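A.B. asks: What follows is each chain in one-letter form.
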Amino acid sequence: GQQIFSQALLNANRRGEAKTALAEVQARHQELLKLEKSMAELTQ
Amino acid sequence: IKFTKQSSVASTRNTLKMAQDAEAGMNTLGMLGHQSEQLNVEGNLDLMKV
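Chains K and L supply the protein sequences, listed in that same order. Each residue of the first sequence is one higher than the one before, starting from 169 at the first, in the deposited numbering. Using the deposited numbering, the letters of the second sequence map in sequence onto residues 433 to 455, 457 to 473, 475 to 484.
Treat the hints with caution; some may be incorrect.
Derived DSS-like pairs (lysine-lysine); straight-line CA-CA distance at most 30 Å [said to hold, decoys possible]:
# : chain 1 : residue 1 : chain 2 : residue 2
1 : L       : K449      : K       : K202
2 : K       : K187      : L       : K434
3 : L       : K483      : K       : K202
4 : K       : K202      : L       : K434
5 : K       : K205      : L       : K483
6 : L       : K437      : L       : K449
Here are the simulated distance ranges between beta carbons [to be verified]:
# : chain 1 : residue 1 : chain 2 : residue 2 : range
7 : L       : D480      : K       : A208      : 40 to 50 Å
8 : K       : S206      : L       : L481      : 46 to 56 Å
9 : K       : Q198      : L       : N478      : 51 to 61 Å
None of these hints come from the bench; they were simulated from the model. We put the beta carbon where it would ideally sit given N, CA and C, even for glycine.
Throw the hints in and build the complete structure from the sequences for me.
C.D. replies: In structure tokens form, the structure reads like this:
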């Protein structure tokens, strides 16, 4: 005669140590503006 | 991270767009074929030499 709940711990703390996903997310942005500038030059 | 991904999507949109835009290379090449045929002038010049 007993019941219990449970609480999760989210972990995935390798990502969580940083903001969350910055491996191919923030770097992609970094190099994608570079693509934009080079294409601007190519079209110019 | 959501903001960064939004900025990335916006810039890839602009990138594809400008790439399409340059893809002017056609009006240049088609006209260059047109003026190439016009310079093939050469026929008249040969006839003048004779």
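A.B. asks: Now tell me if each hint is right for this structure.
C.D. replies: Structure-based check of all given hints:
Taking the CA atoms of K449(L) and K202(K), the gap is about 15 Å. The hint holds against a cut of 30 Å. Our distance criterion of 30 Å between C-alpha atoms is met by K187(K) and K434(L), whose separation comes to about 11 Å. Proximity of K483(L) to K202(K) is assessed by CA-CA distance (about 55 Å); at most 30 Å being required, the pair is judged violated. Taking the CA atoms of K202(K) and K434(L), the gap is about 20 Å. The hint holds against a cut of 30 Å.
A hinted pair counts as satisfied when its Cα atoms are at most 30 Å apart, and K205(K) with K483(L) does not qualify at roughly 52 Å. Distance restraint check for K437(L) and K449(L): the Cα-Cα separation of roughly 18 Å lies within the 30 Å cut-off, and the hinted pair is therefore satisfied. The supplied range of 40 to 50 Å is met by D480(L) and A208(K), whose beta-carbon atoms lie about 45 Å from each other. A C-beta distance of roughly 49 Å is found between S206(K) and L481(L), which places it inside the suggested range of 46 to 56 Å.
Checking the proposed 51 to 61 Å range against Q198(K) and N478(L) shows it holds: the Cβ atoms sit about 58 Å from each other.
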